[PDB]
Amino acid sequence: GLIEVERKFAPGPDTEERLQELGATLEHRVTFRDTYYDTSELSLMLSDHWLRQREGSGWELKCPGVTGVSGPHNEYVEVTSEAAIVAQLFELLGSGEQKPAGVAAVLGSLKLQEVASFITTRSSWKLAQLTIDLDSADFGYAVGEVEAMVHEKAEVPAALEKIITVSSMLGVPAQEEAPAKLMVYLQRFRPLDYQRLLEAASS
């Protein structure tokens, strides 16, 4: 799959106006459920893999990036082929000897269960490209991301530059590193999982 490069930010009262003034256009709005899966030991998340089923899109696996871009920014390979997702799940959790099947069909054999499920309403903008998604979660939390998707690693630096420039033109504090919706959900509603992630990040 493709390499996603992103920077999250806290959206302000002026964000639409600022986007308008930059020449970004609002492409669509959409409301949808995401459901994230892991083992009881959080084997995926602790290895920086994120498996989800998204209403309207199907199964998606985020795999850790190949280049060094972490900080307020981050980089993931997004895998959307179910066959590719299963192949990676077998390697991480099970055996490559297992019979391939759809992601839903293998969950039970790999002891994968729902760790999080929540609805989001997303207002999606395009800049000529970059995408800027302004999200509101159904547990009460709002976040934005400036994002680019590239094919090869050598395109990452140039994408990363635009992402920073656009966040800055939005007037988003440089220091700010707004958390992912999933991380706020885990903090509020899966506190023992959240602590496990904390203890592993400081390690």
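Numbering follows the first chain given and starts at 1. What we label the rigid core is the largest C-alpha set whose atoms superpose within 1.5 Å from one form to the other. What changes on going to the form deposited in another entry:
- In the overlay on the core between these two forms, a shift of 2 Å or more in CA position is seen for a single residue of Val172, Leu61, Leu44, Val143, which is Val172.
- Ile163 shows a C-alpha shift of 2 Å or greater between these two forms [criterion: core-superposed Cα displacement of 2 Å].
- In a rigid-core overlay of the protein, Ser95 has its C-alpha displaced by at least 2 Å between these two forms.
- Once both forms are overlaid on the rigid core, the distance between the two CA positions of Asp193 between these two forms is under 2 angstroms.
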Second form
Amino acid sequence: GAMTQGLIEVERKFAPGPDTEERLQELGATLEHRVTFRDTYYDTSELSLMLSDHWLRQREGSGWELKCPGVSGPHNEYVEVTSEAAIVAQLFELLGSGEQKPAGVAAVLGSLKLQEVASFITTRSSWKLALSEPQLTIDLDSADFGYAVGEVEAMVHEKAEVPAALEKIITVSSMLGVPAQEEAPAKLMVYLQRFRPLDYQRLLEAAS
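Compare with the form deposited in one PDB entry: the form deposited in another entry:
A single chain, with no partners or molecules, comes next.
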């Protein structure tokens, strides 16, 4: 037999500005693709998934994905699950349907009292940047509800490499975006804050 795993993705969000694309161009980045896609997130009425740092979505053209917290000191760690059967097992453990019998994620939604909590369309430009060695990716996202966020992404092999990669992408992010102390918010968090502010408040309360 054999075991297989992926690389580690390291990421940092930033607020783009009017000059972000021009900076990318002058740095020698190339625009690899432009794409538009719907994201739809799901949770229970009590926000069971989100309150425990679990994030379940169906992404147009990609299928189901679930993000779970992992056990970078100042920065978050996530395990991404895209196997439907592993998503469903994780959801059963957390939301406890002992009786529930497995199936595709879609089929188990009702049984788990999972409902759509947010849906929106993102228009994305994805750029690649080689410096002096593997190309960084820069995703520039525009959400149809009216919010723009960029993100710099690097891949690395071992967890030992994560701290240096983080510093690099933080520094690159700062040259591409508006000055800021903290990381720019995720599209979903801005959506929740503006359009589901009672839910946002629950999330705020939990984290402090």
